[PDB]
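*Asks:* With the hints as constraints, model all of the structure from the sequences given.
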Amino acid sequence: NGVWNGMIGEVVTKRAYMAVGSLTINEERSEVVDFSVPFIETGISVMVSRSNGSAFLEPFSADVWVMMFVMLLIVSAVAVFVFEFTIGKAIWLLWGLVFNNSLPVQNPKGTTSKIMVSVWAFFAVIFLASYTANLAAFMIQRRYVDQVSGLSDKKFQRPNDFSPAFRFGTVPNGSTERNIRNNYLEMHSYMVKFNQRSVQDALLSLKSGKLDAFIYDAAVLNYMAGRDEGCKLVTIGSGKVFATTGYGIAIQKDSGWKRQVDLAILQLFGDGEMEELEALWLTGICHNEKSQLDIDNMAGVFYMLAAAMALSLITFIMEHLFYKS
Amino acid sequence: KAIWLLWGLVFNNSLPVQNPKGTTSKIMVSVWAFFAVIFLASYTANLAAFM
Amino acid sequence: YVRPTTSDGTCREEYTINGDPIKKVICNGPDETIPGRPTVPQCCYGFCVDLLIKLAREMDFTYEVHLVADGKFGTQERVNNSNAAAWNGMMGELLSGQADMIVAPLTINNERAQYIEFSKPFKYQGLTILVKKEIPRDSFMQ
Amino acid sequence: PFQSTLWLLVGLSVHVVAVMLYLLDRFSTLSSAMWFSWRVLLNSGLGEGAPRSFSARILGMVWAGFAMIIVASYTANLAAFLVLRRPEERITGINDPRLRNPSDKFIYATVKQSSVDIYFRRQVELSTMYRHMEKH
Amino acid sequence: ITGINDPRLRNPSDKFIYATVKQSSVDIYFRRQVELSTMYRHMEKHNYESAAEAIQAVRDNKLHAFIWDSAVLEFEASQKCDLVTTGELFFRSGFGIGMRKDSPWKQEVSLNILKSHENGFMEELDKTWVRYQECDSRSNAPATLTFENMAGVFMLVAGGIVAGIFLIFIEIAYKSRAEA
Ligand SMILES: *[C@@H]1O[C@H](CO)[C@@H](O)[C@H](O)[C@H]1NC(C)=O
Ligand SMILES: N[C@]1(C(=O)O)C[C@@H](C(=O)O)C1
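Chains as they are written, first to last, in the entry's author numbering: chain A, 484 to 536, 541 to 571, 583 to 788, 794 to 828; chain B, 587 to 637; chain C, 410 to 546, 550 to 554; chain D, 555 to 582, 592 to 699; chain E, 654 to 833.
Any given hint might turn out to be false.
Listed below are several chain E residues computed to face chain A (Cβ distance under 8 angstroms; list not exhaustive) [claimed, not checked]:
1. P660
2. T691
3. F744
4. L764
5. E771
6. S790
7. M808
8. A811
9. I814
10. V815
11. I823
12. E824
Capping the alpha-carbon separation at 25 angstroms, the derived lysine-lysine pairs in DSS-like fashion look like this [what the hints assert, rightly or not]:
13. E:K715 <-> C:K541
14. A:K751 <-> E:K828
15. C:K432 <-> E:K768
16. E:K754 <-> C:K463
17. C:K541 <-> E:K733
18. E:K675 <-> C:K541
Output of the computed footprint for chain E on chain C, the stretches with three or more beta carbons under 8 angstroms from beta carbons of chain E [to be verified]:
19. 422-429
20. 473-485
Keep in mind that the hints were calculated from the coordinates and are not lab data. We put the beta carbon where it would ideally sit given N, CA and C, even for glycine.
*Replies:* Structure, rendered in structure tokens:
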């Protein structure tokens, strides 16, 4: 309403000259009290579990398909020549033989087709081996891109657009919550239900389930990313935070030790102490590593196959248009 | 003979002959085939893992 | 970014990857193109420029920009007696008043900080090293 | 490797395809297509039947490609299986933040009056960390 | 380069250069700081005058390594991807607009800067001016590429097919001849 609360009150009441802590910075407080320069890179951020939302299809490197076309040309020519709808059948067999054999019909008697089949078979084992190995390699070596890639995607903006209810919350009476209410109303009005008592408890809502995503200060979320009983929690994207800010320190007004403080601060990094202090206090053991049961991307390719089946229906329709001709 | 076919089906197929007509054999063949594909995947994966 | 204004004509309608026309402003700065170095009228467009004009719409002020003669931003230097001269570069222009305000990518440090006031950081970044990536890792035989 | 949600759906669509194929055949059979789906999927090659039709042929080729993709999924998951070590369980260095981030919950134990304790007491540089070692 | 503290830096070499700009603020970090004061001198050798030349040396491969603050560097890292940034930003700092202490307009400026941060204005501006288009972490993600690599196997198989053509020709001549 009309009145301020917290340490800032004791700074205003002159019960505190300077206030120190994890306090974030904002325009209002900078207006009322002079702030120290930011010592650490921080801000609003997200902390979520490893839900991933056809990187297996991608190992093709756009080559497997192109190869398939080239293969088509080679098969067609070879089949047409060798014997010295049926051709299409023979190349159906060759195409089957390409992928893990599994083609029922009629290897052509013609001799050249046999040798060509042998070479093609070597090519096929090569196709299986290459595709599978690259797939396994992607099963290894993955950056694991996450839920909101845009991060402004508005999936956050409305839960209701997504049929299952989504969930995200933050600690109230925060600079984060006030900022949210200032810029994004709907998010605030929706998230009030998902607001949590304390960071350990907010963590309880994330950790035990019953909540998907958690949002909080970036330094705390990064340290918590590094420090967890198991490495079950990670940051969002590169943890690159919007509302880029740093922790400041209160003073009264234009009259203060002021600049003298500021100099001291950059002497601290100036001697490189902050890196040491970062390794001791801030550095977490986790996130050194960067691991799950298969997820949605396989479902995507699976859907792609379904869509291709639709294409079989379209080719059936084209064939029907053709039959009249 | 039938088990020669089943054994072939066990390792990467590559066996020519005569899947038995008997209906039950189709289902038994299906379950066993699943076991066999599990065997191929496991063997190849374990080989790569030891690599 | 620096490009000269084409003849008398001012600035290109060149567009950002997100469809927007690129904004631009005139800046007088050092030119190495001529054998002698003239302070040359130029066109400059930037992140800091968009920020500056953003402020200019927000702030009562009007802006005229010229790039500092020295390629360096600034560093303390020269003569021994008393404390003599002043740090060469745009910062030196700021104390001198050649420019009343400095808009550039300037890191913020205490040694400089005592001399001048510093605006809250628009950006947060730290030093790092650039080295070429490419050392590879080609036949089915391999 | 494949969640039962993944696994059931693949079978449902398996039938849903063999049937679309079968149905395609019947419309313009049940045993033929069901066994065709399973045969095409498993490389069983019952060889009893194949559809001549373009729709059917294309669906089958895409189907086989999908079989290759599924065997690939078994392999990917097995590869995911191969990462034996979890991110945790290591004390990274002589100076470990897990020590630096002490916890009442996570004990770090030593013997009092052991020479190590003398290392903790005599040394100023790690002297803070000493208390975490000193306790209990 | 393993870290801000790199044994490779710590183990300097005339053979392995590490390059910077004299009078760049980094140099002020080297001179002002006592703790690394020894390490400064190795950097002092073979300094470049400007940013473009410094990036170019690494690109030209004249100099094996280049040291500068990330904000200028990462954008370039995106720009080429032939070159990469490594390790953790050290000397963590920020970029700001200079004014004399006596001028009160700066009071508004910071007040404005913060107001520009909260709305995500900066985020969108960095998003515009940092392209991010083409590059990745190089070590582990070859798999996106590899079309050419497969081609290096497949072309051989195909050459096998061309052999198939010669063999076929031989069979065709020899067979009709064989039973003639
Ligand atoms: C936040 O403050 C309001 C009153 O200002 C209070 O009713 C509410 O319970 C507080 N929430 C927490 C988590 O402290
Ligand atoms: N540092 C915070 C502040 O109010 O200054 C607490 C934190 C949060 O609630 O996310 C921001």
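*Asks:* Each of the hints needs a verdict: does it hold here or not?
*Replies:* Going through the hints against the structure:
no.	hint	verdict
1	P660	violated, 16 angstroms
2	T691	violated, 13 angstroms
3	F744	holds, 7 angstroms
4	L764	holds, 6 angstroms
5	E771	holds, 5 angstroms
6	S790	holds, 7 angstroms
7	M808	violated, 10 angstroms
8	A811	holds, 7 angstroms
9	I814	holds, 6 angstroms
10	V815	violated, 10 angstroms
11	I823	violated, 11 angstroms
12	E824	holds, 7 angstroms
13	E:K715 <-> C:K541	holds, 12 angstroms
14	A:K751 <-> E:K828	violated, 104 angstroms
15	C:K432 <-> E:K768	holds, 22 angstroms
16	E:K754 <-> C:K463	holds, 23 angstroms
17	C:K541 <-> E:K733	holds, 10 angstroms
18	E:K675 <-> C:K541	holds, 22 angstroms
19	422-429	holds (count 4)
20	473-485	holds (count 4)
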